[PDB]
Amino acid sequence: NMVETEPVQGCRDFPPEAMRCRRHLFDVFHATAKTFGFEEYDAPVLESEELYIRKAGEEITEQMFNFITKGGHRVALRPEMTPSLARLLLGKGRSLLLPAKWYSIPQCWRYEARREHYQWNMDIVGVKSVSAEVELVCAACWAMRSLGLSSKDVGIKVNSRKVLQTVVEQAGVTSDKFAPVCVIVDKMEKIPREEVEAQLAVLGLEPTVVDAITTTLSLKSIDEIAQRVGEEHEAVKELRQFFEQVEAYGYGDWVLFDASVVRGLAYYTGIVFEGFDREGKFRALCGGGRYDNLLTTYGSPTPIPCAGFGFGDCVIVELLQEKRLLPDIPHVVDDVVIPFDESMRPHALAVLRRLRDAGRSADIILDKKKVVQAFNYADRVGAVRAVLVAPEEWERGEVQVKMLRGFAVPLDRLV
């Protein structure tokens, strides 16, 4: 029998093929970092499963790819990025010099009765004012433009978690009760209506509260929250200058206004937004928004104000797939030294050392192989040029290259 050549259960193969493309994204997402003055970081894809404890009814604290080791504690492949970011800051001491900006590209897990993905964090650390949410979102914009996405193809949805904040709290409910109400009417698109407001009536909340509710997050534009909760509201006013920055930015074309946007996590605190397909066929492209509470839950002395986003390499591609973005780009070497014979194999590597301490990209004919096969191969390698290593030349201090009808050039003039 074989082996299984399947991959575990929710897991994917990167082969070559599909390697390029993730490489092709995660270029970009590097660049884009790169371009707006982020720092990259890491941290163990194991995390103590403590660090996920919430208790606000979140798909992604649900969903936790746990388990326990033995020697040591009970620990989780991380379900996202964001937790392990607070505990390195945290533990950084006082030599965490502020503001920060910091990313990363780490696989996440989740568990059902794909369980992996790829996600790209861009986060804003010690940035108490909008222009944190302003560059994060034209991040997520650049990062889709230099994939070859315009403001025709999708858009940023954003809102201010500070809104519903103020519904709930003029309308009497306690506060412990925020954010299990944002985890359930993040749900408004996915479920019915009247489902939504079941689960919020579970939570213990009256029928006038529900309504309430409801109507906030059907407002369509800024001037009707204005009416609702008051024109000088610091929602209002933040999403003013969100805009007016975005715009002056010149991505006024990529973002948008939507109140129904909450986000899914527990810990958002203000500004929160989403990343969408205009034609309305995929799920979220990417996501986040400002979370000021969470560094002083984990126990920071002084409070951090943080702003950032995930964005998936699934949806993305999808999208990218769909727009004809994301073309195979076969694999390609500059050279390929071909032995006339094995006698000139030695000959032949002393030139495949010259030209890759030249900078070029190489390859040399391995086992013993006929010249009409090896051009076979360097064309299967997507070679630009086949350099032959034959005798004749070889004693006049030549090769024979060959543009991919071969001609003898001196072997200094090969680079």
Given for the second form:
Protein chains: 2
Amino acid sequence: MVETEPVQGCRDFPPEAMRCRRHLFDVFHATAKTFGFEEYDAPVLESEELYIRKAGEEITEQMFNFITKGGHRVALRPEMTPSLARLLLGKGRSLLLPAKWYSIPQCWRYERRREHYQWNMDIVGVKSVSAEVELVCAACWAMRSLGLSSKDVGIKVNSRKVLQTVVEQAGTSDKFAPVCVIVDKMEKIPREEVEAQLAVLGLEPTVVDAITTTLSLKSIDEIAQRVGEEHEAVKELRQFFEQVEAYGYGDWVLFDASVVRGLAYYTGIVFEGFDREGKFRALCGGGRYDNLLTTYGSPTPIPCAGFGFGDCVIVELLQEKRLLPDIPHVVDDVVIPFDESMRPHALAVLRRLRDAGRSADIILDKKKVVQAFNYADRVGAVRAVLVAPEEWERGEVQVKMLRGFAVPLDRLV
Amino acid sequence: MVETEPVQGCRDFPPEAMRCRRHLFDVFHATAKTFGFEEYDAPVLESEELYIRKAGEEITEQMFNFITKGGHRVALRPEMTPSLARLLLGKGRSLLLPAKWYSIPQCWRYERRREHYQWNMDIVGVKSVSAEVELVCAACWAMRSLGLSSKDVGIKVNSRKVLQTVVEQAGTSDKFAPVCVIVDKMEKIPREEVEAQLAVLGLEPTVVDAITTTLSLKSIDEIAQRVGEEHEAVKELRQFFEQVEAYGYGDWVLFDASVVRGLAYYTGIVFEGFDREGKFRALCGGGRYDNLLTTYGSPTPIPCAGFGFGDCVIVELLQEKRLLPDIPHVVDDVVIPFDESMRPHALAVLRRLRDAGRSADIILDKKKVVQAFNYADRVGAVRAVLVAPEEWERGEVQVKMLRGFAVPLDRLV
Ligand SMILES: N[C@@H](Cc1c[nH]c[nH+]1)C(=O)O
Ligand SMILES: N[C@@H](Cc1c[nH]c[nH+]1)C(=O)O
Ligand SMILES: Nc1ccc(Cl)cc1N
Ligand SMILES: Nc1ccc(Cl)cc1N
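Structure of the form deposited with 4-chlorobenzene-1,2-diamine bound, please, following the form solved without 4-chlorobenzene-1,2-diamine?
Then the entire complex follows, led off by the chain already shown.
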């Protein structure tokens, strides 16, 4: 016998599971269309150097990578943003801006799940916080579309520019991205573990204190005290909250100075979806990354912002809230030939039903009417169309609503 | 600068290209729904042993495979059918039959394109030729849905049981699959090249002659002469053509004794889509594979049939026929704030438009009304909604159909 289980850390999607996945993706697609985003895709296989950012990120540490027979360093993508940037950089100035691009790539890791799907939404060429507003609104929209409300979830919001200043004032920008990465672990691991990693980086106790203090500031007015009420970060966050309020999602968003995210390239606003019961990891996460494309070699800086919204946590949350009823398969009609002699006519009928835009099966193998009705019920047919000899000569079939009257063929549809 | 081109043999899908892909996939999805097929998926990464069939197949020869760090032999799938079978075998008798499963997996190869998408349709648990009929009808349906007609394309049809007999009568079944694989190359390479490979296998000139002769038989009546009018293969092919005729696609299908296909596991009917101008490779291909699941270790034999329908040839054909007009992006509304002071109201309006199921952008960065209208035109907006101070106090906005009247907010939608 052959191994029936999938490769380590990977999921099979038989029909029942695939319907659940579809329910989720329909929402991501529908939301992207509602917000004017355009679909794109790129190869799951990318060059390894595309991710070599040298900042101690988990996403680069846990790369599912290998070498081709031709000796090329490749990887199954751990995230999409680098593919996006590559695509953007290749377009250059033929690319018209602003651009709003989205996708639902499978992404991979190696260390426990080794793949996940991640809805990516990104706005490109928009300097202002209106991009982040739109992005954050898209994510709430998606969650509400799935049945969640502001009671169930929210979106925490911060700016890395705050911490940028404190790192600048205590020194060298080259170390900022590495620090954000370490400081991201603060919620997870003890302060002792994070302090030591920051000290290992070569930062002194003075700057570490200031970092700690600023992560634990509770309101935007407190950030104004420490940084100034016209630090670009303050005006931006106020603009952001004002705009989200005006769109009607003020109950969904809030400030949190502890939110930095684990990715090196964020420069401005960052955000995280969360459940309001404290039970699950981040539902999504994102932010502004204005320098990435400059780092990839762009002559002109390209402002960007976006998020990723995984397919795991959201599903667990929806299951907990009882918002993932299994929805069984459906089909409009099941055509039932009275017997094999009636098959040709049954096919003709099947053609008519399908030509009208209906979803229709025909009983394929040899079986009794009563077996076929049960079969019809099992596949979730709305209607069973029995094709029998007597009715056929009257130009009719027998129709029976499952959720048996004689009907003229033209009336079936 | 970073490498902007994708990894060797792989395609990028920027928005313009992705729309073309979507047009094609919408059809595969829509067709699968019309025919009552159910979506499934499995990991692109599968165990290498899953494909070790030892019959000299191109699909196994050209495997994009590698070794994990844990020392496991894996591969990026060259086809889906083995994943399907694995999924089916794991379900066992909890699986209800017949089952009609479909997917659109990316599949890979290493040798020139190294990936392609392939619509897979498969019927499971159906002994009779009604499965093949349905499958063949689905493929024609798809092609017509894309704008092709019976003038443009057809589906060639044959049975391997014919050749099965001739191999049996001249000898040992273990060699049958290898022979089908060699005989598949007949159309491509010289008869001398195919003869030598069959002779290399250990088959004598007598059986080779008989093979050649039977591949070049032109009608079903000629196969009846050589094999008998009640060879199961004759009755099946007549049943098949009778049923396809009755469904209304008789002009789309025909017999061809040279069609064997390149895959080892086919046992009964096999078929190939083709363009009637002789310009392109196979558009799709499929057949019955009644022993595969027995070979994977099933206690009870499971009848199966299916096809794969690639995304390359079909597109070239549609391009040649001028049936792939580029269809530009569309969005219902573009909300234009008169200026930044109007942004909050513009957002509120944006919310209303989207709540009504409309697709809507808002101008995100700072720009002049006339720039924003041009922007609206460039994104293919059906309508531009200008939000200006004077109209706002009258409870109105300015609306202008792009494919400027004042309108009350409640009337916008
Ligand atoms: N790539 C990020 C999400 C993102 C998309 N765009 C910007 N950020 C992640 O995996 O967390
Ligand atoms: N796997 C086959 C197509 C197929 C699906 N089901 C049966 N056959 C191919 O790649 O050609
Ligand atoms: N980056 C990433 C890739 C794959 C999985 Cl399953 C999880 C993460 N976090
Ligand atoms: N099996 C296969 C896989 C990938 C490509 Cl691009 C082509 C083929 N034929």
